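A.B. asks: Next come the chains, spelled out residue by residue.
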Amino acid sequence: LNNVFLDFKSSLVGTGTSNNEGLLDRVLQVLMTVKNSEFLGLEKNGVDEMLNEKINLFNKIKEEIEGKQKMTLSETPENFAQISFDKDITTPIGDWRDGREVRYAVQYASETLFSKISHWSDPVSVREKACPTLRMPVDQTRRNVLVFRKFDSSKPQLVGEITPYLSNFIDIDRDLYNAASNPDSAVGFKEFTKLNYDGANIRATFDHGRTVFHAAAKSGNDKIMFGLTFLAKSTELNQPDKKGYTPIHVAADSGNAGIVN
Amino acid sequence: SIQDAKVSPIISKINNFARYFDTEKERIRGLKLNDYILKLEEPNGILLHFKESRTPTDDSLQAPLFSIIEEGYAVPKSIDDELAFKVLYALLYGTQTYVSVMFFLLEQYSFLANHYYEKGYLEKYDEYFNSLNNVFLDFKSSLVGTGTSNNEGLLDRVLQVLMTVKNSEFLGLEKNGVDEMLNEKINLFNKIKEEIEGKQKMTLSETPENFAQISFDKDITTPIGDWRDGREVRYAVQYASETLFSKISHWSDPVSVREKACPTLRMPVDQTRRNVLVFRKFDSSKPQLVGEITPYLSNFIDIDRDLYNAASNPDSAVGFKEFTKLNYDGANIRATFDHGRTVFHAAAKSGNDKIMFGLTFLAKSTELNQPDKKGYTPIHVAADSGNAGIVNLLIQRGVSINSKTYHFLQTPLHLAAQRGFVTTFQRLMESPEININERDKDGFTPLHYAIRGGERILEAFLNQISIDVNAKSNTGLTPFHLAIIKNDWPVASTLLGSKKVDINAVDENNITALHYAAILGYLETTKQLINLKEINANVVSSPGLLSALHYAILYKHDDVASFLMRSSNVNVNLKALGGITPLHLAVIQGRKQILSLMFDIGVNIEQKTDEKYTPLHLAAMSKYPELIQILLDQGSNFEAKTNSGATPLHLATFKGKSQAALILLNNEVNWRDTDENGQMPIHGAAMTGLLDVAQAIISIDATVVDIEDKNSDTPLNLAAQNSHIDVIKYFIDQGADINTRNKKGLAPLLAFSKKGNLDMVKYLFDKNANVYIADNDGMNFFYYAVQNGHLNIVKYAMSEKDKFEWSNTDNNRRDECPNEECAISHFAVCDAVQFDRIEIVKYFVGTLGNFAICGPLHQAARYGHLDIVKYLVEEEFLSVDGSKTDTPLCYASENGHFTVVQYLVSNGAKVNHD
Amino acid sequence: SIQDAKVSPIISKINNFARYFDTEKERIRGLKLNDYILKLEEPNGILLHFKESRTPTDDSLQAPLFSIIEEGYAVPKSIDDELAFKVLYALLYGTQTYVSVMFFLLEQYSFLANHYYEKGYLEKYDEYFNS
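Residue numbers (PDB author numbering), protein chains in the order written: chain B, 283 to 543; chain C, 152 to 1065; chain D, 152 to 282.
Among chain D residues calculated to face chain C with C-beta under 8 angstroms, some are:
(1) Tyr171
(2) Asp186
(3) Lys190
(4) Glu193
Residues of chain B placed beyond 10 angstroms of chain C at every Cβ, according to the derived structure:
(5) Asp330
(6) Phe430
(7) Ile452
(8) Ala468
(9) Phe488
(10) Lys500
(11) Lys515
(12) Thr517
List of simulated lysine to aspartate or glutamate pairs, EDC-like, C-alpha gap at most 16 angstroms:
(13) C:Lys157 to D:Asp155
(14) D:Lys275 to D:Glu192
(15) B:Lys411 to C:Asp466
(16) C:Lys352 to D:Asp186
(17) B:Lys291 to B:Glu345
Everything labelled a hint here was simulated from the structure, so no lab data went into it.
We put the CB at the ideal spot given by N, CA and C, even for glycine.
Construct all of the structure, not just a fragment, from the sequences and the given hints.
C.D. replies: Here it is in structure tokens:
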């Protein structure tokens, strides 16, 4: 998309004035030459007026192309500067497996324009540690950045959002989210309890605004829902998503009768 | 037409390919970085098409080139239209595009190969290396050939065609010049041929030999390091060429590991005796560099790189334990990897304090300050990573704080400012002998990178007691300048609040940051700084005396300019160099609403430049005609005067803009007003060559057909000199008087003879206009006609023998030459001999019955022309003595021409004769 | 002139293909071993072009010769039919180049086949076998 937009835009009018100035100006020039040529009284005078309205249409579309803005963002943010497993956690929790490698990527967060995802970082072997700490340089343009994580060649997963003036990026939020969304019940409950004891926020947002409550509703776990509903303020239980789905909507879609009651 | 049909496809294709390549060349050269990468990496883009451009396919280059070469249509056939020459130029232009595409492909493939080699992605690096090698070899063979053989190459064939055209020599009035820059093209082709022969391959194709044996003699327990049970290991070898690229060899067979971790491998001795780098890969993960082999090294152990990964491990306790185990087993620390990288640098990258603490004991000062090939000292890497404990340990060891990097000269303080970590700076300030500011390649202070870092680093720097806020770089940009050009207002506000900053600071060209904001059209920043801060907006730049409003108006930035003119803080009467006022500059840009707004605010309509030009005149001096209409609707002086008195209609006719003249006539601007020279605008219209204005002015007043300025030259004479058919035909449709003369005495017939068109000549001769017209000097039309050397006008003149008589002679020429009563034909032949044009002399000889009356030998001896004298002595059989007692040898001796005298002596003429 | 214009594109194309193939025939043979494999293994190399040369596309080899034989312009008509002998010679040249290009790719494909066979690499060996 980026290539075709830039290249076609250069073809029509050009990114800058030059000896060619696009093919539209050549069409205008040849039409002006036709005007300068001798014309008939009535009939190809009508041809003259229809080519005049064609010239008006060409001017309008040329102005639209010049005023047309780019729908993509070729600029790319910077990856993490240093990584360290400072947290005292044991490895066999969540997707963190011995002998596995993790690749991180960053992308600009633009609401109206598409943004390029950065090249994946160098592989990092994981052993005896599960929760990594990422340190990020301050953004040049001061834009919030989405962060993506990939294990080996599996499905990449969005993991969080970084503000321009935040550097100490801890990686526990998506681990908790997957703990609440795991198909299993007992293992998911135990690892959720371990992560909660470790320390992780609840209002984290993923997948168009879904929350640990939405993940619990979709998975169908009952013990974690019972643990969460205690000391839970009613606003988060009715928190809607970007599309507008609520936890009860997700529960109805999943079809889990217990969480419904 | 048939030949044109035959040649149109190939010529259209070559022209289209050439223009496409040129447009893409500038487009690609004008791109950004990620844009460059995306465009160059397109699966089906211009790189593959350019590689296929040397294929024998239809749309390629070589097929049209060899087709036009073989068919032989480039060589002209006698004299014809400009089609053989045009296809020849097309061939030359296509060959130039071919060699330019060759260089284009070389440079971009080399850049791609380097860009993917620096990262370490060998899979794409190998593909780009092969592409570059194939492109180089194929294009070198296609241009000149691998050797002198029957193929002969392509440029040699082009030169052969050029010599064939040169020896064709059908005509030479201009073709000797044409073939002359064809010889220049031949020299250029020879130069580029010598360049490509002298150019060497940038790729080393030959690959080394892999290891001959593998062993696991060393007793290392397998879980340690990157050694995983059940994981395959592969090795590759590459030549270490500092100047050229080297191919990576094919990977070795998978090798399984179990209970052993450190392998011992044996390498054969290389024949060329060059060091070879060894690459190691685990499964499909990222390949790593494990070491280098000297020509006379047999055993290689990769334990050195394993220690490098041990020091770079993200974990702390496991990394320290494995480092201790490897040190106990025995591994050197002086080993280098990647971009000349050092183990201490890896320890700095990891940030593990344990390995640093262990290494500093029994260390050396030079090792702690040892840089890589890029000049990144360990403190540089520590500052870039952002760790604090390793920095504190390094300071306690007394490392060099003023370490600098090659090429881009940056201290670790610059790295900290760019990254934006206030902790690293606040830990570095306890180090003594530290310098607050440094001079970079552009002299950029660390504050210039802190403003990029963020607000917190700026607060940290401004909190320091020792800081130079008004630092000036080599380019001349103060910190405020490039802090505000980036549009981060909060950081600029933080900088201003902490301590006073010289807002009125200027560059060498007297450029203020406000001027940058105006020229770049960020209106919000301009409003913020104008309202909440005080600034002198009347400062002018050093070149051109341009101001803030001028910069805002330039490059069509209308909102900012409107905001500035709405505010009363900045004035409008300010005058720049050249006299261009805000009204004049808005006219140059041609924006309407800006002019309407500044007229609403209030300004004099008749602003004056240095030369008193009225804004209406400059509105005529613009591509937008609506400016004249809007100015006259708002009210403007129709008869406004300048220092030269030039009227807007005068200027419009001088430039020749038809729309301006049409709208001025529609608005009925008086044409009576003249300039200082008194020239009527019809004179400028004739200069440009506009006709509709001529009919309009004749309709308004027919008297202007013979109007004259102080130059006293009629418009008909000027139109004839300008060589425009329409105006001359028009004035002869009214039929202006032919006897009108200026002070120079030039006549329209003189200009027609200068142009040489036979149609006007036959109208003038049928009009029976006198050809004996003379000016104050006394020269006549006949002399200029003979000087022009136009034969067919002369034939048509002698066809009507009634109007001109050869026997009759002009009396004025008899008066000017009382001694020689030469006739018109006689003296004309003698002048033709004087003109040194042999063709004209032989023309007159053919027309005139007896050429001996002029005595061409004596005249030629007087003029000292070798060729004429030789031709008349040999082919005309002219007697050397001549009818007169004076020999031409006396004239030749008087003139002193060498070859003429030698030839006359060889003819038998004697110098002894009186 | 019209007859020459009619036969100009096909004769030019067949001559270009013939001379290009003759040049590459000794270009490839005199190339070093390491560059030989790299030159052959180009994704859009000359081997793919030679394989496509059998297709009925305009740029391929058959369309000129088949057009010549179908239209019957190779047979001289009347005296001084210079174009007839020219297109006939082009036809024989095209047939010779077609036979030589058929004999060409077999050696390189067989060589790639066993060269990869010695070290395994059966994924590429299967592709070369099919080719």
